[PDB]
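One chain of protein is taken out of this complex; the other chains stay put.
Chain IDs A, B and C follow the sequence of writing; residue 1 opens each chain.
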């Protein structure tokens, strides 16, 4: 029995060991209560505003679209405190943890952004934060690891399985299964078992709500489409949620195509994976033919969740949202273009969304279109990555 | 003859070769005109809002002040696009350059933040940007150098003199002296010859204006003091300007004490230098006994301007503002403390201001005081610096 | 087939608890794993619980995580696991054989085809580790259609609703999770499948303790796998240590 629907059509659910079900039902109850509580909402709104810096700007990109009939806006989550959208939902989850009387936070992280976000929320709100991160990731992400440590979080390297995000996700769940009385599990995307896909959507939905108000203000109409990159699905569902019932607004999610779909070296499970059951949910995932879970590959480490949020899979199935993919090279070009033409360094994650909007524009330059790209984060973190490619490719 | 006063008491002026005076008078005229032009103001306000992300948050720091009678707010310039306050005034100077019909931008930079800021403003506004940076600085600041290049700016290493900021400042002036018909010189602080101290103040003054509105809103009174770090003086004058006539509000500027004043290895010319004439102005500066110009030393490379804005020297002389210093170690501690207790990674520059506010609190913990620290920038850039010190000091 | 029912009737007749070891199929390789299983049986295992290597065993502690890694290192696949299961059944016609599966491996190529395959190799039960009772309908239905017992974990804190569901939905045995007299009696009250206590069972006194409490017997996982892990360098020493541990554990079930 639950209060809310744990499914989006066929996808989602609560596929967890029996010992973890009380934790999930507890969390769902707290959330339903919090969502009804004006004081919770006021506290959450206050941290968003006065700590995180909301509302974020909606920037019109004139140089980029010059000589086309595309008007392109970027939703500026890169300007949020911590430099990516993840900060929104960790503040809400932190507030939930406090509402339930928990004093400790567990989080998983791959590239480290979610770990950083969880660590800053915990430091602000006085929670003891421990972070699981695959051993290979700890090795590859020294800057985020030191941010987490400077913020007082305990970083725990995970050596099991592939020593990556998949394996930190398992270890987070194993820890929580024994510690949930005192620890909240701060999941890092709109995926995993119910109620996490719903909670994370609702704690990211100010992205789309602001975007709608801002575009009405500046253009007097809704966007023809909103475009967001899809790693696990949080930034994209945050952008999409308030537009779902505005049926003229296209919702386009962009998965990483890596070296190219046909190479198999990609992270596009929604469109190129197969439904499986893992990480507490029924969803498309990267998996072998006999059902072992695989890694997602992208130039962008933040898009390495080997599955996708069940709401995305559902929105795709009924044709409400469309999902596409963008390769490493297309993402690199869009990164280069934004820096040079708009003076904004975008996250390589966010560059997938931008690359798709540039395609929509370039392919049909006389098509009248009003587009918003969710610029989910800033790309300071990616400057060496983009250097050592334009170094190894001469340039 | 000028339209505005080029002096703040005894300090300031226009100490430039005769060939550069027309450039300065032209720039002053354009500025006076722009300051009267509602359309200029509306354009500048629009970029601040929709591109840079203004207004910036005013954050109350509860954890930090727990058990004292200090209430501490941080003005969040770390949340501005580009991650430091410098973005405000480069957008205004870019707009001035366009108003004068110039298509090229010259800028100097030390640690690279001003170079990055000038490069993004230029990329946005379609200006051809060239940046002079001392050869030693180019070597030491690879991340900022690549940001500048990704944004389309030409980075020109300066090998003359000490190959640092002093020497990039000379080279900027030498270039402008021959190129001013087509190039604007985008000076990076509230210093240099008139009209630059005045222009930069006016294009940073939204910092203090917002702070005043926000503190009235949240506390119903003005701050007992506003505290800002002083490298060249821009962030601090931006914070101070709107409070100058509010005579109950203390204005405290914090120079870098480096290894300690008594060591001579510091960057505190306002209080520990000697008045000289250099970089187009009469101001306190770091200089030898026979008047050769020296470098400023700080753990924080952004506080290396070897002089200070003439308005600061003036404000000090009449006792309107007080100036203090903070050592590398005190700055490091304040950096550590903010990360761990507030989940905000501050620039090491900004950490000097914070360190001083922590001193005011800790020294007199039962003193009722309402303080604002200008958090001039974010400290992602400083994470390895702070690592390799807490590494070399065991810890 | 009614192998658990036959075993529990036979055990009750002899005033005896079940001892049920867990191992990972194909740890440390197929050939050695087959010898390990034959040794557990020869030593007095009443039934077997057998794990199929899965990439992300999120219900498992480090010992079992390592067993999986060892099996994957040897190239063990679920298809090879099923060939092994056929051979095991064919040597030992009456011993109940239970699988411990992750949902993806059951769901992967069709829930119904998975349970049909279990029936064909002569498996008796399947516990799907990350399928709670709330999510179990298509699994337990598929199992029952293919004469397979769906096993459910009854956790240490189950409320009455959960006890009633576990009692109603399970067959074969109820997996009683350690981390007490209330749970055993309610399970009996609701006519649940006989309870086996598992999780941290590593000493003979734990086995006697379980039976005394009213559990039908004990499941020991990590303890058996620990012996494998400790003796990788010496296959003969491994079997001998396995033999010794199993008979000790089994003797403790003789009340």
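The rule is short, and it goes like this: a contact is a pair of C-beta atoms (placed from the backbone, for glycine too) under 8 Å apart; a residue touches a chain by one contact, two chains touch by 3 or more.
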| item | value |
| --- | --- |
| Per the touch definition above, residue among B:17, B:260 or B:365 touching the missing chain | B:17 |
| Contacting the left-out chain in the complete assembly, out of B:72, B:124 or B:293 | B:293 |
| Contact with the hidden chain (one of B:76, B:85 or B:166) | B:166 |
| Contacting the left-out chain in the complete assembly, out of B:60, B:140, B:174 or B:272 | B:174 |
| For chain B, the residues touching the chain missing from this view | 1, 13-22, 160-162, 166-167, 169-170, 173-174, 177, 276-280, 282, 287, 290-294 |
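Here is the rule we use: only the chains that are shown with their structure count from here on.
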| item | value |
| --- | --- |
| Distance from the mean Cα position of chain C to that of chain A, given in whole angstrom | 39 |
| Whole-Å gap separating chain B and chain C, where each centre is the average of the chain's CA atoms | 69 |
| Overlap residues in chain C, where contacts from two or more other chains coincide | none |
